[PDB]
Amino acid sequence: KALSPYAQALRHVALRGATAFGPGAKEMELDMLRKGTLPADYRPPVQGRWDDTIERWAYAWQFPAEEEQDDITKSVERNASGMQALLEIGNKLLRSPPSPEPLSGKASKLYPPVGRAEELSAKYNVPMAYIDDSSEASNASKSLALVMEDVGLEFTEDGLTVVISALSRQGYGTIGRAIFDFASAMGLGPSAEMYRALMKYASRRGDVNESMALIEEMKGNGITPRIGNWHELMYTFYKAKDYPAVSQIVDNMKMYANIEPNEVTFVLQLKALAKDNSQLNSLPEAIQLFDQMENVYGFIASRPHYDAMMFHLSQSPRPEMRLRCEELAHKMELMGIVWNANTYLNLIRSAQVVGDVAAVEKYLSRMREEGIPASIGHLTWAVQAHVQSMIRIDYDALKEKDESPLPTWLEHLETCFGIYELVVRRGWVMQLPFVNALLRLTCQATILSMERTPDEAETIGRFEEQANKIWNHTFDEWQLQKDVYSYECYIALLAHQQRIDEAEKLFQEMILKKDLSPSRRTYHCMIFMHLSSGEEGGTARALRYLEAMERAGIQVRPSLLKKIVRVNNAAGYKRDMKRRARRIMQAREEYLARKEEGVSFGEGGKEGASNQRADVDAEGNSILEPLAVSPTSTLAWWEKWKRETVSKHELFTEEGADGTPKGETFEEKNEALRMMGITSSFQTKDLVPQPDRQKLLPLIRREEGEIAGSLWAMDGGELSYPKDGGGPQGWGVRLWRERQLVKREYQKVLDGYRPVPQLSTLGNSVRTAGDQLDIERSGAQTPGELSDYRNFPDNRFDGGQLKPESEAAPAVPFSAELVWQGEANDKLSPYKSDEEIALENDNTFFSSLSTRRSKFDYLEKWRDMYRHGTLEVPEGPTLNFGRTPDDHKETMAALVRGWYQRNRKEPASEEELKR
Amino acid sequence: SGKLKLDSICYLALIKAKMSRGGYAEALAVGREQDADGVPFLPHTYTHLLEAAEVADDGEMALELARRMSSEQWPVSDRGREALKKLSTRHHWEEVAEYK
Amino acid sequence: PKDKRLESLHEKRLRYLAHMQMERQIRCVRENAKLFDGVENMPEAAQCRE
Amino acid sequence: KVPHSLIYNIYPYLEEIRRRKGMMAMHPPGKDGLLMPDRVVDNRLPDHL
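Residue numbers (the deposited numbering), protein chains in the order written: chain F2, 10 to 124, 165 to 899, 929 to 993; chain FX, 121 to 220; chain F5, 454 to 503; chain CE, 291 to 339.
Please note: incorrect hints may appear among the correct ones.
[Said to hold, decoys possible] Chain CE side only, calculated, beta carbon under 10 Å to chain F2, not exhaustive:
{"#": "1", "residue": "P302"}
{"#": "2", "residue": "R308"}
{"#": "3", "residue": "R310"}
{"#": "4", "residue": "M314"}
{"#": "5", "residue": "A315"}
{"#": "6", "residue": "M316"}
{"#": "7", "residue": "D328"}
{"#": "8", "residue": "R329"}
{"#": "9", "residue": "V330"}
{"#": "10", "residue": "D332"}
{"#": "11", "residue": "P336"}
{"#": "12", "residue": "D337"}
{"#": "13", "residue": "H338"}
{"#": "14", "residue": "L339"}
Note that these hints are calculated values from the structure, not bench results.
Even for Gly, the Cβ is constructed at its ideal location relative to N, Cα and C.
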């Protein structure tokens with residue numbers, strides 16, 4: 010349930026009465042043991058310390074390990090004064106190098122003193178920086194060591210690695226390189242870890258060439274690269290969006306470098322496989338790599354392994370991969386690794402891709418129970434869950450029910466715009482993926498409104514207005530810059546609207562001006578927009594987009610190829626319409642020419658039929674003439690309708706809006722039939738029989754055969770009827786099998802899979818005559834209307850006629866006005882924090898806590943308020959259900975007083991003010 | 121206009137159409153419309169827009185145009201050289217700023 | 454009672470109270486037509502004709 | 291692997307046969323060094339534009 014922990018505490022006390030604030034169960038067992046009245050099946054608390062040891066063992070099986078890392082590098086980076094002193098010394102070393110010189114090194118003010166070396170460093174194995182000969186280099190090393198003592202380091206091989214890495218993580222490539230060169234020149238040798246701290250700058254920046262140059266430099270200096278250098282090279286290729294290169298480095302490190310992988314190697318490999326789109330098999334390769342790490346290598350998966358695996362498993366909307374993600378989260382919480390914001394984010398990512406808003410709301414409600422605050426990205430993926438739920442509405446069942454999906458779309462819009470109003474009320478900094486998720490929501494709502502309800506133009510207009518409001522004003526409101534996904538959603542919107550020039554304009558403005566690399570989805574949109582358009586050369590431009598996908602490294606999936614073939618075969622109809630419209634316009638121009646030249650007036654005179662009569666041949670003999678048909682027949686009327694009506698070229702003067710002939714819509718069809726003298730019985734598509742809605746008839750046609758038979762009969766021989774002899778081909782077996790199929794359908798009716806059928810004449814004539822009298826006096830069509838006629842005798846009129854459904858109003862109970870009953874129908878309560886709900890409900894001292931908010935904090939506060947005795951609690955459960963069949967009556971009988979006092983003391987306090 | 125990503129040549133034909141009717145003040149608005157659309161400026165665009173600043177006497181408009189040619193390093197046409205020498209005589213803006 | 458989640462419950466309560474008032478009116482007018490309109494068929498000719 | 295790459299004759303399944311190699315390594319470099327193939331304008335832009 011999506012209840013707040015304040016509402017959960019209120020429901021807890023409503024369920025348990027005053028016993029929740031009394032003694033616990035263990036105290037009741039202690040009192041029953043001390044008084045002597047304890048039954049035999051109860052476990053006696055005979056020893057306190059041994060039961061404490063038992064509980065500590067059972068809780069130590071779930072106790073989390075300490076994963077906090079006391080990083081010296083982060084502690085140096087948080088020290089601003091030491092970082093400024095290191096930047097000063099690095100700038101002094103970079104602008105002017107010191108002099109490796111003997112005495113009178115005090116000649117410059119750059120390296121002041123603070124209070165035989167070349168062979169001394171070679172004889173006694175002492176580095177050159179550790180020997181003080183009163184030099185500029187000695188004073189520089191003294192100032193550097195004096196600064197490094199203030200940040201906690203030691204001025205050794207390991208301290209300068211921390212110095213170079215902490216400089217490299219904040220930019221400062223040349224400064225850290227100058228400190229590295231001064232360290233390597235002064236005896237402190239260039240180890241592989243100092244090269245790793247150098248490569249951290251290129252890995253954070255994402256520069257592949259600098260990292261490879263540092264690898265070749267440390268290879269040229271005679272230092273074998275260890276596993277940390279290959280780890281930073283893998284992180285450099287990961288930060289530069291080259292994901293299979295990480296697997297290539299892992300393969301070559303195992304093959305050629307002969308270095309066994311650590312757990313960080315598996316972590317970086319799973320992080321690269323989570324975003325790898327080079328091949329199709331990234332998810333089974335990640336599954337097999339996790340299995341090989343756990344079972345073969347013998348490593349135990351920690352939180353980075355579980356996070357990198359669940360982030361990759363949350364992207365697949367298959368239910369087995371979602372089940373794997375749920376089982377991995379459950380094994381994580383079972384092995385003593387508590388859930389954090391990344392774990393709940395991965396669970397929301399796994400639940401959003403299938404369109405499950407209930408699971409996302411359950412995760413958002415569970416996240417605020419343990420005190421974990423919701424970030425912005427949880428709300429972004431909740432909006433994306435609303436997007437995928439609008440995607441996966443089964444619209445065919447709504448077409449069977451004749452229900453518009455419009456209020457569901459309006460609810461999905463209103464919930465996410467309530468979230469957007471929530472994130473500006475908490476003072477949060479607005480992020481780009483939140484506005485991108487809102488734009489995706491509005492563009493997807495516009496696409497679904499164009500697909501499902503095409504005749505509702507005002508709905509599509511309002512959706513396009515909201516989409517253009519988000520695209521034009523909202524990105525510039527929060528000073529945000531548009532990215533590849535924001536262009537992707539709007540390009541998909543413009544591609545569904547067949548606005549090809551605007552989509553290509555935004556495409557080349559994204560590519561040329563903003564230098565953004567388009568994703569695979571927005572390439573698929575430009576492919577399918579040109580494929581679906583029936584104009585000439587759309588295939589030739591879709592192949593240009595395919596070439597641009599091929600030569601830029603964009604993945605070409607086989608599903609893309611099959612969809613290209615399917616979309617081209619589907620848009621063949623539009624291509625043939627746009628090809629036939631040109632011949633239609635040619636024939637229209639030729640008809641308008643030849644009706645003014647007057648050749649049809651000369652061609653209307655049948656001089657050949659007058660000279661060569663129907664009874665006289667070319668030579669003069671008498672030939673056989675067929676007899677004239679009756680003019681009351683259908684064929685004679687069809688020939689008269691062919692001859693007397695208007696021409697095919699006078700129906701429409703202009704053609705359609707986009708290359709197609711007119712007559713596709715029903716207004717043009719009805720106008721053309723009015724010009725042909727035909728009043729159509731089917732004006733709109735509501736008066737269309739729609740044989741795809743049939744359920745019993747195709748079931749009969751599939752198994753047994755055609756139940757009609759004489760539906761398609763030309764002259765009386767194309768009818769499918771059973772034989773007259775009998776046996777297995779006779780009427781009895783066929784009627785028995787039809788009755789068995791109708792019995793299967795009626796069993797589906799009884800189990801609630803099918804709607805209740807209306808009252809038939811055969812069903813009414815076999816009923817009890819009193820039921821027939823009630824049906825003929827009430828006018829009931831369904832037996833549910835007859836049940837409403839009998840169970841509500843005061844609803845009918847004075848002539849026994851049945852009243853409509855809108856004239857009845859049931860009694861609304863006050864127990865729907867509860868807090869937990871109000872949070873279940875709010876549709877914004879999982880997206881609200883504890884403080885917002887406590888402000889909305891009470892906003893007094895009773896809901897104020899004085929910072930962690932949970933259910934048990936409210937229970938511990940209200941227990942102390944009860945024993946003081948500032949809180950009065952009624953004894954007994956005021957919320958009763960599950961025990962007796964009449965429990966809501968006992969629930970309402972226990973809540974009349976509090977609800978009436980809540981509704982009557984506020985006018986009493988109002989009239990106490992003496993207005 | 122709104123659907124197609126038009127070129128500087130497509131903007132140039134609108135500049136030549138405005139200047140044919142004496143719309144030299146309106147021809148500078150086409151250059152501001154080309155700058156707002158993100159279409160860059162070519163040397164034939166500077167040739168006709170500096171001629172539009174002659175009749176309109178828009179010396180402040182040609183101040184931004186002449187500074188943009190030096191930053192983009194375009195070759196100046198013979199019709200654009202005489203347009204800059206006429207406006208530097210009237211307004212005396214090149215002599216007080218030392219830009220030649 | 455002054456909460457922004459309780460408007461539809463107030464609309465349904467207004468519908469229920471108006472249905473109860475219309476049902477009480479229908480019941481009392483039907484009672485008046487059951488106890489006293491039976492004498493309309495047996496009424497005198499003078500009171501009907503005037 | 292994916293199972294449909296093991297039984298069906300579609301040509302990008304040939305991408306599934308070879309080992310994973312870097313996209314900067316398979317594509318030719320630029321003037322500065324290794325470069326992603328989607329960062330050069332002439333590759334990502336189609337020829338009709």
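Here is what the structure says about each hint:
no. : hint : verdict
1   : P302 : holds, 5 Å
2   : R308 : holds, 9 Å
3   : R310 : holds, 4 Å
4   : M314 : holds, 5 Å
5   : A315 : holds, 7 Å
6   : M316 : holds, 9 Å
7   : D328 : holds, 4 Å
8   : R329 : holds, 7 Å
9   : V330 : holds, 8 Å
10  : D332 : holds, 8 Å
11  : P336 : holds, 4 Å
12  : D337 : holds, 5 Å
13  : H338 : holds, 5 Å
14  : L339 : holds, 5 Å
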